[PDB]
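Starting from the known structure of chain A, fit chain A' with the ligands onto it as the hints suggest.
There are 2 protein chains.
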Amino acid sequence: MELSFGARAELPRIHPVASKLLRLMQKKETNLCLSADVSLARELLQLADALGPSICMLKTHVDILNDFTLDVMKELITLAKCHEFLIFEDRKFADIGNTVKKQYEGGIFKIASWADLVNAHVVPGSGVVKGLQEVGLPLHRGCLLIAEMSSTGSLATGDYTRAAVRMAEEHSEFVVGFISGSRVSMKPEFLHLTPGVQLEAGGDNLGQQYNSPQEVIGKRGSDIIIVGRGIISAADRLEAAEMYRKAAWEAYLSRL
Amino acid sequence: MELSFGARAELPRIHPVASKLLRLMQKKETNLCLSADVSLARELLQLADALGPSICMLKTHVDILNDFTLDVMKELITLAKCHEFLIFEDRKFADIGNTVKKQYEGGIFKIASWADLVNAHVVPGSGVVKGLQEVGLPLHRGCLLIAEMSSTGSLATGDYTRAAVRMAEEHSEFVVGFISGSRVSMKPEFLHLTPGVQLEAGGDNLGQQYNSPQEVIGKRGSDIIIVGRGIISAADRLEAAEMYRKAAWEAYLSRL
Ligand SMILES: O=c1ccn([C@@H]2O[C@H](COP(=O)(O)O)[C@@H](O)[C@H]2O)c(=O)[nH]1
Ligand SMILES: O=c1ccn([C@@H]2O[C@H](COP(=O)(O)O)[C@@H](O)[C@H]2O)c(=O)[nH]1
Ligand code: NA
Ligand code: NA
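Sequence lines, in order, name chains A and A'. A prime marks a further copy of an entry chain. Here the authors' numbering runs 222 ahead of the position in the first sequence, where the first position is 1. Here the authors' numbering runs 222 ahead of the position in the second sequence, where the first position is 1.
Because the hints were derived from the structure by calculation, they are not lab data. It cannot be assumed that every hint is accurate.
Said to hold, decoys possible - DSSO-like cross-link-like pairs, simulated, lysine-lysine; straight-line CA separation at most 30 Å:
no.	chain 1	residue 1	chain 2	residue 2
1	A'	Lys441	A'	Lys468
2	A'	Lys303	A'	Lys324
3	A'	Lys324	A	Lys324
4	A'	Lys468	A	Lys332
5	A'	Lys441	A'	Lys409
6	A'	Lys303	A'	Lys332
7	A	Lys332	A'	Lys324
8	A'	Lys249	A'	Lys468
9	A	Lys303	A'	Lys324
10	A'	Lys352	A	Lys324
11	A'	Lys324	A	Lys296
12	A'	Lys332	A	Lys324
13	A'	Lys468	A'	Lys242
14	A	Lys296	A'	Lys332
15	A'	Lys296	A'	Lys324
16	A	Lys324	A'	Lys303
17	A	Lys332	A'	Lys332
18	A	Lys242	A	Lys324
19	A'	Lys296	A	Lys324
What the hints assert, rightly or not - Beyond 10 Å from chain A' on every Cβ pair, some chain A residues (computed):
no.	residue
20	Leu225
21	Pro234
22	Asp271
23	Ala272
24	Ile299
25	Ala302
26	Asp317
27	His362
28	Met408
29	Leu421
30	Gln430
31	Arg442
Backbone N, C-alpha and C define an ideal beta-carbon position, used for all residues, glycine too.
Bound conformation, chain A alone:
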């Protein structure tokens, strides 16, 4: 029935980026994505180096990096290759296809040049994916579609979520999975990544809501936890990352 990450990495219809990710998840016993929500390049790189062994993925918001340069991203790639994790820019492309292709390839960030994965909202219709994939397919990249959100009042529910699943499953040459709160596709080739995760109950004062790794991986069937402040705001970010890694990994093993 359910397959391990290592077996999912071999599925006939697996995308190469998903396969690479699934293999390193199994090798390293990690299904943790660090949300590296910092404004300094030095802190980003120090976190990537120290936490690299503990993570399958590092998620960026490079538009909050006060001292972004392309050379910072070259350094990040070196760490990603060393420690074996993917880089996911959480850009939330959400425009018409003709615009998003330029936002993905160009400008000062040149996201496609360094991000293994990006994500998109499905609200514009499938042209958002078609535009991205024109840049992403030649660059051998993957994309995640936002099927659900963690925040209070999210409209990514019901028929909207179903539309995201259909759009992913119809663009499988580029779309490798979802941002979601739970398993939303029954096809094991697709990844499920879940933000809004902390060990303790709570939220923030701007609509964020938290659930635990056991809830999201174990009871809701997601694959990967995305954790920002639960790690970033801790004193010892390495031990915090290890606590989240162990939590998510055991929840995965026990559902398997």
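What follows is chain A' with the ligands alone, placed relative to chain A:
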């Protein structure tokens, strides 16, 4: 019943940014927003200078400007003040509140420092607005909510559109209107801006769909047309802008 732009600028509940815009629209007889979808700063600035007298607003995507600097945006502000138009960064904020506040204030673009207006998708729930307004209210800025999209397969329909209207009307200290294809709010204090506009029928090969100024302003009741390629790709962008300005202005007068 229906009020002119100049009278709407005086409504009791008008936002100061909306009032400023409405007054210059009436003064200059323009309800045209140029979508300055170019990758070179020199072309952006040359368009802003030449077309400034013809437009009420210049819409940017600064993340496609290959040679962005904050000094480019200082030059753009000088032109906006000279010719009297607002600057609208079409960033489509679409994250949780805690993230979007940092994307609006910070990073290399420092959007809030130069953009009169920004926009947001409503899919995350109202925390997206609450996060933005924490930066935007002290900086005396305004925001547009994306209630409908012009592209094929858009999911911004039905209950989603109604949720966008409610979210705007409940955050009127910061939200001044909508991106929409038609009038969606019955409250005249809110602006309606409509992309997907060309004089001729057609679309693009990535899901864009076009309607004419007479259709969108006259028959659908919107306030402002947003025009990119219909102007940008023309040989004489000034005459193209004048054709779109005259079309949108007459459609407004005839519905009034
Ligand atoms: O539905 C979503 C989609 C994305 N994020 C992102 O995931 C991270 C959550 O951070 P934290 O709340 O763990 O600090 C942030 O970067 C945020 O932008 C969410 O929180 N919820
Ligand atoms: O529903 C929407 C929202 C925004 N835009 C933006 O408006 C402009 C349309 O350009 P064009 O098709 O007139 O060239 C682009 O910058 C695009 O990103 C749309 O086209 N449709
Ligand atoms: Na883990
Ligand atoms: Na006009």
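Okay, the hints, checked on the actual structure:
1. A':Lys441 <-> A':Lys468: Status holds; Cα separation ~16 Å.
2. A':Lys303 <-> A':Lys324: Given pair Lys303 (chain A'), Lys324 (chain A') holds - Cα atoms ~27 Å apart, limit 30 Å.
3. A':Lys324 <-> A:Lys324: Status holds; Cα separation ~23 Å.
4. A':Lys468 <-> A:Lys332: Roughly 38 Å between the alpha carbons, so the hint for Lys468 (chain A') and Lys332 (chain A) is violated.
5. A':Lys441 <-> A':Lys409: It holds: about 18 Å lies between the C-alpha atoms, which stays within 30 Å.
6. A':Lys303 <-> A':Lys332: holds (19 Å)
7. A:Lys332 <-> A':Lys324: Holds, at roughly 20 Å.
8. A':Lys249 <-> A':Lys468: holds (14 Å)
9. A:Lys303 <-> A':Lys324: Judged against 30 Å, a Cα distance of about 29 Å means the pair holds.
10. A':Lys352 <-> A:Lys324: holds (29 Å)
11. A':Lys324 <-> A:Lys296: At roughly 23 Å apart (the allowed maximum being 30 Å), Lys296 (chain A) and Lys324 (chain A') satisfy the hint.
12. A':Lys332 <-> A:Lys324: Distance ~20 Å between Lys332 (chain A') and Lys324 (chain A) Cα, so the pair holds.
13. A':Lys468 <-> A':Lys242: Holds, because 21 Å separates the two Cα atoms, which is no more than 30 Å.
14. A:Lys296 <-> A':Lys332: Distance of about 23 Å is within 30 Å: holds.
15. A':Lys296 <-> A':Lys324: At roughly 21 Å apart (the allowed maximum being 30 Å), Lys324 (chain A') and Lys296 (chain A') satisfy the hint.
16. A:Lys324 <-> A':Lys303: holds (29 Å)
17. A:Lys332 <-> A':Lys332: holds (18 Å)
18. A:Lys242 <-> A:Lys324: Distance of about 27 Å is within 30 Å: holds.
19. A':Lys296 <-> A:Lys324: holds (23 Å)
20. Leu225: holds (32 Å)
21. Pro234: holds (28 Å)
22. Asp271: Given a closest Cβ separation of 22 Å, the condition holds.
23. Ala272: The claim holds: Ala272 (chain A) sits with its nearest Cβ about 23 Å from chain A', beyond 10 Å.
24. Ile299: The claim holds: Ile299 (chain A) sits with its nearest Cβ about 19 Å from chain A', beyond 10 Å.
25. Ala302: holds (21 Å)
26. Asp317: violated (6 Å)
27. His362: Non-interface label stands for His362 (chain A): nearest chain A' Cβ at 21 Å, farther than 10 Å.
28. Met408: With a cut-off of 10 Å, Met408 (chain A) remains clear of chain A', as the shortest Cβ separation is near 21 Å.
29. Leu421: holds (18 Å)
30. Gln430: violated (5 Å)
31. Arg442: holds (19 Å)
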